[PDB]
Every structure is written in C-alpha cells, then in structure tokens.
Amino acid sequence: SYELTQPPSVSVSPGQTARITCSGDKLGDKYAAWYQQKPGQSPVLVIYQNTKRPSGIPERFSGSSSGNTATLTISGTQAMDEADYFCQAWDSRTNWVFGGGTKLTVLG
Amino acid sequence: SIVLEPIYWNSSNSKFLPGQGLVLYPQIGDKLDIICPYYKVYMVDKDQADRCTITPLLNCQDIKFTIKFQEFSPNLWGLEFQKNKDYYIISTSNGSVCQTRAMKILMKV
Amino acid sequence: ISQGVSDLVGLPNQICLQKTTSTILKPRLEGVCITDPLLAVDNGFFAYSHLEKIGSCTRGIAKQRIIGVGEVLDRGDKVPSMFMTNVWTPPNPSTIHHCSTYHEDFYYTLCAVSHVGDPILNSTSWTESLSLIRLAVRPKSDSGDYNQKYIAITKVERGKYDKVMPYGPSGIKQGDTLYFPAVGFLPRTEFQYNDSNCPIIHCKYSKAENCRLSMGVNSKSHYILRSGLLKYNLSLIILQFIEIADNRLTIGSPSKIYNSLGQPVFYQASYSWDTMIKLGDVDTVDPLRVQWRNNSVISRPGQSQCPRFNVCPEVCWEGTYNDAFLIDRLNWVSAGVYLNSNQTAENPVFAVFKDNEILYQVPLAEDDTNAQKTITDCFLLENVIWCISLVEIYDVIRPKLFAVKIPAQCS
Amino acid sequence: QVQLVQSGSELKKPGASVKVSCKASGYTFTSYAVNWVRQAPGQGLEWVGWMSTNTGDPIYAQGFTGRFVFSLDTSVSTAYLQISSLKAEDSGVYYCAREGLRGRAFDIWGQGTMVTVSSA
Ligand SMILES: *[C@@H]1O[C@H](CO)[C@@H](O[C@@H]2O[C@H](CO)[C@@H](O)[C@H](O)[C@H]2NC(C)=O)[C@H](O)[C@H]1NC(C)=O
Ligand SMILES: *[C@@H]1O[C@H](CO[C@@H]2O[C@@H](C)[C@@H](O)[C@@H](O)[C@@H]2O)[C@@H](O)[C@H](O)[C@H]1NC(C)=O
Ligand SMILES: *[C@@H]1O[C@H](CO)[C@@H](O)[C@H](O)[C@H]1NC(C)=O
Ligand SMILES: *[C@@H]1O[C@H](CO)[C@@H](O)[C@H](O)[C@H]1NC(C)=O
Ligand SMILES: *[C@@H]1O[C@H](CO)[C@@H](O)[C@H](O)[C@H]1NC(C)=O
Ligand SMILES: *[C@@H]1O[C@H](CO)[C@@H](O)[C@H](O)[C@H]1NC(C)=O
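Chains as they are written, first to last, in the authors' numbering: chain L, 1 to 108; chain B, 27 to 63, 75 to 91, 96 to 101, 106 to 141, 152 to 164; chain A, 174 to 202, 213 to 282, 284 to 420, 424 to 582, 587 to 602; chain H, 1 to 120.
Each hint should be verified, as a subset may be incorrect.
Stated by the list, open to error - Simulated crosslink set (DSS-like; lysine-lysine; CA at most 27 Å straight-line):
id	chain 1	residue 1	chain 2	residue 2
1	B	77	A	391
2	B	109	A	388
3	B	57	A	591
4	A	404	B	109
5	B	109	A	560
6	L	52	A	324
7	A	560	B	130
8	A	344	A	324
9	A	246	A	596
10	A	391	B	109
11	A	404	B	83
12	L	38	H	23
13	A	404	B	77
14	B	159	B	128
15	A	591	B	128
16	B	128	B	109
17	B	159	B	109
18	A	246	B	130
19	L	52	A	404
20	B	128	A	596
21	B	83	B	128
22	A	261	L	52
23	A	560	B	128
Since the hints were made in silico from the structure, they are not lab data.
The following block holds chain L by itself, in its conformation from the complex:
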C-alpha cells in the first residue's frame, strides 16, 4: 500500500514558474518519474531520476526531490504545458505505484 499524493489543481499565468509537488513516504530514495498527457493523447515521460531529462525534450522542465516531496518546476508556462501531470515511483514492497495526477490550468 504505497501512495503518491499530488495536488489536484495548479493555476499559473504565462511566464510564471509552476511548481507541482508529489508527497510520498520517503521519496528521497525512491527514484521518481514524471508524465504529462494532454487530453486525448498517450502519456509522455518528461522528468525521471528526479533530475534527468529524456532525449529530445525541451529543457524548461526541471525536477528535485528532498524528504517526502519531489517537485517538478517549469521555467515559465507556455501554451503547450496545458495538460494533466502524473508522477510515479517504483516500490519494491508493493508495485510500480502511480500518482493521482495534477491539473495545470494556464490563463490567457
């Protein structure tokens, strides 16, 4: 029974840095991954290993983990980051646990 609690709604104006935090018991040692899926599309991995960025991705995404929280930060929100963001971590005891997903509302 592992959980990745993630806040439902995050609101941010264009150009402002948006922070999404995943809360899990001892998330410092559990490697994390971050997935975004715009509506009607397959999820895409954006941030994993809490710091690394997969190949061929914009550099505006950056992640960090400390204590019971892992956070992905965007250096200014453009028109494409309007999506639902999902984070996950691997747990030996139970499973490949998944987060609850966050809603990123961006004004315009």
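Assemble the complex: chain L is given as a structure, and chains B, A and H with the ligands must be docked to it using the hints.
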C-alpha cells in the same frame, strides 16, 4: 614457496632434537601446518622461550594450524612474521615440557 | 549515450538462477602498507578511504589517512569505473581511524579520534571521541564550509555502552535521517547472554561459554563489541547507537548497511564462531533487526580453533571481511567474494550464490594470492546489474577495485 | 521509431472476454519488459501488471483477483491481456508500456485500445 613438511604434535616424533628443539628455517611466503593427535601451544618472545615455564596458537579429531609467512592473515591481533627476525612456538603442557623433550620451535624466517 | 548509475531497482526480467559450472563471470579491469580501506557507493557517488602505513602492514607507522568522494560514471565504453574529484587528509593520521553515508549534496563520514591507537587493541587507552567529516559531493568554488567540514560531536547518547565508534564502511539514509555503522564497547560485566542461546549441539568439542567469551577480543578482554548503526537527524547533534538484536549474536565486526531494491540490507563479517557469511534484509532500522540469510554454503578463513566451515561454539577472534550484495529478491541471489582457504587469507573468488547453492564463480587471482579485506558493492547501470569490489590482491600493498558484470542468462 | 501498437476499439457485453494485443516495433522485445496500464474515462493512470518477455514467468500485477491473465508468443513478439468476465468498472483505455529503465520510468507507451463494457 611450497608447503613444508607438517610437524606433528606427537612425542614420538624424532625430528625434535633434544636440548635445542626443532629448527625449521622457513622463508617469507611459505605455508606450514601442525597437527594434534592434549597440548596448548603459544608463540612468545626470547626470554619466555628461554624460561618456558607457566591467544594460544593451537588448542588440542583433526586439529591443524596452518600458518603463512605473509602479513595478510586472519589473525585480527595482527601478529606478523618479519624477515631476518625470529619467533618461538612452544608448549608448556604435560599429559594433562618445554625442557623435558625440547618441545621448542625456532621460527627462523 | 551515457548510462546513468542508479540504485539497483526495478523488476529483474532476465536473470539466471540455475547452477552453471562454466566460467561466465569476468573480473573486468615499497615498504608502504595500505589497510583498513573504505568503499561506499550510493546513487553514483563513491567514497574511498584507507590507512597508509610504513613497513609493517599491521603495526607499521601510520603515514597518512585519506578520505575522498567521487562519482560513479561510465568509462566511455559502457564499463563502469570509479572517478574522484575531492580528496582530504587529516592533520595527524594516528588519531583518525576506522571511518560513510550519502545524503543529498553532502557525504557524511563518521570517524574516530584515537591518539593511542586502534580502540579495539587497547580500549581503556581510548577516550570516547567521535568526529564527522563531510565532503561536498560536487566541488564548488568559494563554497566555504559547504565543501569540507570537520565536526566533533559534543555528546553521544550511548546508553549502556560507555563508548561507541564508527566501525563499518558504508551506511544508509532512511529519509532525511543519516545512519552510520558502529560498534559498541559495552563493558564485559554489563553484557548478558543466555548460554542456552548458544547452540552447543552437533559439536562435542565445544563449551557453552564460548559464545560469550568469543564476543570479547579475548576471554579477559575489558569490553564486548556489538555491531550496530549510529544515527544522526540531519535536519536538527545527538547520536543514538542502534545495535543488532539477539538473533545470530556475534562479534561487532565491520558492517555495511546498504539499500538494495530500495530496502536496507546488512552485512556483518564472520569474526566470531560462525565462519559462514551472515547477510539479509533489515526489517526495521531505527530498532535493529536483520533477517539473516540461511546461507549454508560459503564461509571465511579462520585460525585453527575456528577454521573455515566451522559450526561449533569455540572461543576464537579471527576472520576476514567478505561482504556481499543482493542481486535479486525472489531468487535471493547474492553476489560477494569469499576466500578459498581454511586457515589462510588466500584464493578470493567472486561468488554469485544463493542460500544453499552457488550459481557460478570466477577465480579473482591465483590460489596462493593473498587477500584479506574484500569490500563489494553492487549498483545498477541501465537494466544490467553490476558489482564493484575492492580487494587487496597480494603476491607495494594497496587495495584495488574491479567491477564484474552479473549475467542474466544461465546459458 | 519504437512504439507499442494495439487493436482498435472493442465493445464487449458484461461477462464476456476480449483479447487486447500489444505489438512491438522498432525495438527488441527481449531486452525490456512490458507493463500494463489502464486509464479510466476522466481519471488518472493506473498500473495493472508487469510481464517478462524473456522468462515469461508468472507476470506480476497490482493487488486484485485473477481476472486478468498475461501471456505472450515470442515468435510474433506480442503481449496479450485476457479479461474474462468484463465488468462495467473494467472499462477505459488500456495501454501497454515498456519498463525501459527498470524501476525508473516507462519509456515508450501504447496508443491504447478503448475497451467499452456497454450493456446496450
Ligand atoms: C528526526 O527529525 C525529523 C524532522 O527533523 C522528525 O520528524 C518529525 O516527527 C514528528 C513526529 O510526530 C512530526 O510531528 C514532525 O512533523 C516531524 N518533522 C518534520 C520536519 O517532518 C523525526 O521525528 C526525528 N527522528 C526521531 C526519531 O524523532
Ligand atoms: C578445508 O577443510 C575441509 C574440511 O572442513 C574441516 O573439517 C570440518 C569437519 C570442520 O571442522 C571444518 O571447520 C574444517 O575446516 C576440507 O574438506 C577441505 O579439503 C579443506 N580445504 C582444502 C583446500 O583442502
Ligand atoms: C601436569 O603439570 C601440572 C602443573 O600445574 C600438574 O599439576 C599436573 O599434576 C601434571 N600432570 C602430569 C600427568 O604430569
Ligand atoms: C595500551 O594501553 C596503554 C594504557 O593502559 C596506552 O598508553 C597505550 O597507548 C595502549 N596501546 C595502544 C597500542 O593503544
Ligand atoms: C535461559 O534459557 C533457558 C532455556 O529454557 C531457561 O530455562 C532459563 O531460565 C534462561 N535463563 C534466564 C536467566 O532467563
Ligand atoms: C532460517 O531457518 C530458521 C529455522 O527455523 C528460521 O527461523 C529462519 O526464518 C530462516 N531464515 C530465513 C532467512 O529464511
């Protein structure tokens, strides 16, 4: 560089010359074994060896003490054997003795 | 194009678990002695320590002691290596002895200040002295204190123990809290142990008191030594010594608490009576309890009174450090090095084994090759389970490290 | 170009069964294991189970009964998920994604097969 002839801890052994023990003359980087068939054997310094009266090197169905003359040893006390030095393995144990039958070992490496 | 070193994680997929007799594994690569080394690999940031000595390699002159942290990167040809960027040397080598753990942006290494010498050798000569040295995992110019720190704690909450000190190479980080392996010099009078716990059965030459007397350095030693974990709450410097429970009660030997498959796994060297390798996962860390692997195969060299493969309660103080990791959980396959000799520190072999079986082995060197301190660490690099081990191969004496790829095919 | 492609939309009555294929193209099926995830309509991702391409051993799955069944044919290099006695809750888009970096992340995802448990 080869395993030397093992020295049995039996009184019947004739390699123990009387009055002077048995001189081994090993070399650094050599292997040696001592087998027990009621004796406790220790390694000591010069003066104790000259007197030889009362951790043990041996406690005595096959009990063998293998010793290698290289510093890497399982002896946590870190007792080493240096070249051009000398050590004395003796036992002061009767049936239940150092001078009685020259129960001496000279570790001339 | 460069694989990233990560803690050994994820489901195994391909893996070998059936015995194979072929040679499939591959070790992949004066007057001064180097002993008491230290290797700790966590999340791609290793640490190497040693005790450089002149002449004698057990009682020689302590020339220097070096503690440094580097990063575990690929060689550029997919073979793991060990690269270093930070080094540091204490002023007086003699004081600092028997020294690590990972927390983000730092690397805390708890040490012991010992002007007299090794606290095991003459315990009363030692006064309780603990110093933690941290090195920034990444060098930073104009850092100040952040790059290098030297803190001696004012107090330690020992409990029944009158003095405790760091005793193992590598530690764990259960969240923000730090953990360092430690031994306890609990007074021989204070210690209690039921004789019936010691299994005198199946051996006729044994005596009940052997388990208790083996605990100390000798039968007349002042202090029993019990291995344990020394904690530090990094956020808050009170250190409370956590000690292993009563099961498989053995001498405090150097100890490597490490996280494999995201769970703590503890090793303890077989200095006491059980010559057989004791290993297993840790159920709880703040209170200490380790489920010891029922490994009825592999042992360590020992003197005539407790030689290799001994299972009899006898008063013995000898052994070598031969640790192991956990390649997989369901198969419980463990990778480690154990020396092939009953009473000599010769013939080390890298062994990938199980509870009651060995999968496959490789001779690290010749049978006559001398090696006593063997540290092994297994990390995962892009879906293939790797293992790095540092060993004093001897015919200059210096521990050297080499990496081995674990095969996932029994063919 | 590496992708996991599945079949099209399937409409299945309650109590029936549907076979959802998971093809693999552009990458070796042997190296990386496959992972099963369903997305309920209007909810988040959920990890169904993990299957082993080489060993083919009992494929691990998240805590529930044995309704879901995993199997594969290495000759055709596809992974199958049998859903016997489909329930209205057991509806949504089912993707198959590979465990590219073990317990790190899922590298390549599936386009999904919208399985619909429709009474009428
Ligand atoms: C180590 O320190 C941490 C925080 O520095 C302690 O965590 C606190 O635990 C209490 C227990 O009720 C909580 O109320 C606090 O909110 C926690 N603090 C934080 C910052 O989360 C922890 O308890 C300490 N270790 C021990 C053994 O007490
Ligand atoms: C190492 O010793 C093996 C036998 O073990 C010995 O006897 C048993 C009864 C226990 O007392 C154990 O502690 C002893 O070490 C031999 O079979 C083996 O051949 C020996 N090794 C070599 C290289 O000969
Ligand atoms: C052996 O020597 C001890 C010396 O303390 C003596 O008490 C004992 O009687 C001796 N036994 C024999 C058989 O000589
Ligand atoms: C042995 O103990 C004495 C004091 O009892 C001390 O002076 C000496 O340094 C100790 N020996 C070592 C090697 O520490
Ligand atoms: C030690 O264990 C034995 C085994 O049952 C028991 O009879 C005895 O009471 C125990 N001793 C103590 C002091 O608890
Ligand atoms: C080893 O066997 C003993 C015998 O009962 C048991 O108590 C213990 O749980 C076993 N250990 C493991 C790791 O299976």
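Hint check results:
For the hint pairing residue 77(B) with residue 391(A), the CA-to-CA distance comes to about 17 Å; that is within 27 Å, so the pair holds. For a cut-off of 27 Å, the pair hint linking residue 109(B) to residue 388(A) stands: about 17 Å separates their Cα positions. Distance check on the hinted pair: residue 57(B) and residue 591(A) sit about 25 Å apart at the alpha-carbon level, within 27 Å; holds. Distance hint between residue 404(A) and residue 109(B) is fulfilled; the C-alpha atoms sit about 25 Å from each other, no more than 27 Å.
In summary, the hint linking residue 109(B) to residue 560(A) is supported, as the alpha carbons are separated by about 24 Å, within the 27 Å threshold. At most 27 Å may separate the alpha-carbon atoms for a hinted pair to count; residue 52(L) and residue 324(A) meet this at roughly 21 Å. A C-alpha spacing of about 26 Å is found between residue 560(A) and residue 130(B), which places the hinted pair at or below 27 Å, so the restraint holds. With a CA separation close to 42 Å, the supplied pair residue 344(A) and residue 324(A) exceeds the 27 Å bound.
A distance of roughly 35 Å separates the Cα atoms of residue 246(A) and residue 596(A); the hinted pair therefore is violated under the 27 Å criterion. About 20 Å separates the Cα atoms of residue 391(A) and residue 109(B), which keeps this hinted pair within 27 Å; it holds. A hinted pair counts as satisfied when its Cα atoms are at most 27 Å apart, and residue 404(A) with residue 83(B) qualifies at roughly 24 Å. This hinted pair checks out: residue 38(L) and residue 23(H) have alpha carbons roughly 24 Å apart, not beyond 27 Å.
The hinted pair formed by residue 404(A) and residue 77(B) meets the criterion: a straight-line CA distance of about 18 Å does not exceed 27 Å. The straight-line distance between the Cα atoms of residue 159(B) and residue 128(B) is roughly 20 Å, inside the 27 Å bound, and the hint therefore holds. Proximity of residue 591(A) to residue 128(B) is assessed by CA-CA distance (about 26 Å); at most 27 Å being required, the pair is judged to hold. For the proposed pair residue 128(B) and residue 109(B), the alpha carbon gap of about 24 Å is at most 27 Å, so the pair holds.
A hinted pair counts as satisfied when its Cα atoms are at most 27 Å apart, and residue 159(B) with residue 109(B) qualifies at roughly 17 Å. Straight-line distance between C-alpha atoms of residue 246(A) and residue 130(B) comes to about 23 Å, which keeps the hinted pair within the 27 Å bound. Restraint check for residue 52(L) and residue 404(A): the C-alpha separation of about 57 Å exceeds 27 Å, so the hint is violated. For the hint pairing residue 128(B) with residue 596(A), the CA-to-CA distance comes to about 40 Å; that exceeds 27 Å, so the pair is violated.
For the hint linking residue 83(B) to residue 128(B), the alpha-carbon distance of about 16 Å falls within 27 Å, and the restraint holds. Distance check on the hinted pair: residue 261(A) and residue 52(L) sit about 19 Å apart at the alpha-carbon level, within 27 Å; holds. A hinted pair counts as satisfied when its Cα atoms are at most 27 Å apart, and residue 560(A) with residue 128(B) qualifies at roughly 23 Å.
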